[PDB]
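The chain below stands alone, shown as structure tokens; this is the form deposited in one PDB entry.
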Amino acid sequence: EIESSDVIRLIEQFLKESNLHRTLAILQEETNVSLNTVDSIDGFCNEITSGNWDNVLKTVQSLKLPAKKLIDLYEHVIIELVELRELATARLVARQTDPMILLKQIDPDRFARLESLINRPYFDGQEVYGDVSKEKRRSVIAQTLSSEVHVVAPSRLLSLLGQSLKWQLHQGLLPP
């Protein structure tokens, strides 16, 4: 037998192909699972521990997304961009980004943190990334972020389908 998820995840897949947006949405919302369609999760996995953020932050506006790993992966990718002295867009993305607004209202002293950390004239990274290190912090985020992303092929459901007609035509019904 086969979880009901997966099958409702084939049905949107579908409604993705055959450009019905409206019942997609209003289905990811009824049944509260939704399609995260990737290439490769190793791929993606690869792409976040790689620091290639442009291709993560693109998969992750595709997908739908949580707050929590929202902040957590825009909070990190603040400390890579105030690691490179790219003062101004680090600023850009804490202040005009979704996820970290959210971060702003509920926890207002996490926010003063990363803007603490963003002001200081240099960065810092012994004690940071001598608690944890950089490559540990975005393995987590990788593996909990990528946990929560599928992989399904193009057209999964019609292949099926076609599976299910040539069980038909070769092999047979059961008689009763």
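Residue numbers count along the first chain shown, from 1. First, how it differs from the form deposited in another entry.
- The candidate at the hinge, the spot where one rigid part hands over to the other between these two forms, is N36 among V93, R113, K69, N36.
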The other form holds:
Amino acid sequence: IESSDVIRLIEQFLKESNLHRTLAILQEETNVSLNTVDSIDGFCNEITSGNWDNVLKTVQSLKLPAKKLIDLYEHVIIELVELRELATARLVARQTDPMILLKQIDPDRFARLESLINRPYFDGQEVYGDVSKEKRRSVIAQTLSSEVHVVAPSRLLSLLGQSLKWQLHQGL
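Mind sharing the form deposited in another entry? What's above is the form deposited in one PDB entry.
The following holds one chain only.
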């Protein structure tokens, strides 16, 4: 007899079958969720390409702990103030779990982030001078790549295929 593992098998099946509605209700009702990404490349690429809305939604979906996300969320804010999305930058700084944590453990570091947001303009030559934008994005992607797990596609159907092969064998 298998346990919660059956549910994750089903969840993967639902995602690949585009049954996202059923997938949503299942995760809520069972208190079990997919801890997987389609590919490590694809996940890291989003960070490398700077598509922050995608990576933020993704990491929150995987429910990674706040401590691992502190570097990522800090950089997201730096790029947001760079794009002069000050309202959004402040929003990330005020409401998100990693930033609330950052304030608690390293208030000095949070304070520097506070000052960066409040500067009359963003000078990338000053901010990125020690370590470039590309390097910061690359480092965050590398560390996070070990924190996400990929599973083989269609695990449920593969297992069911094995069931059929067993039955053909056992029929003899």
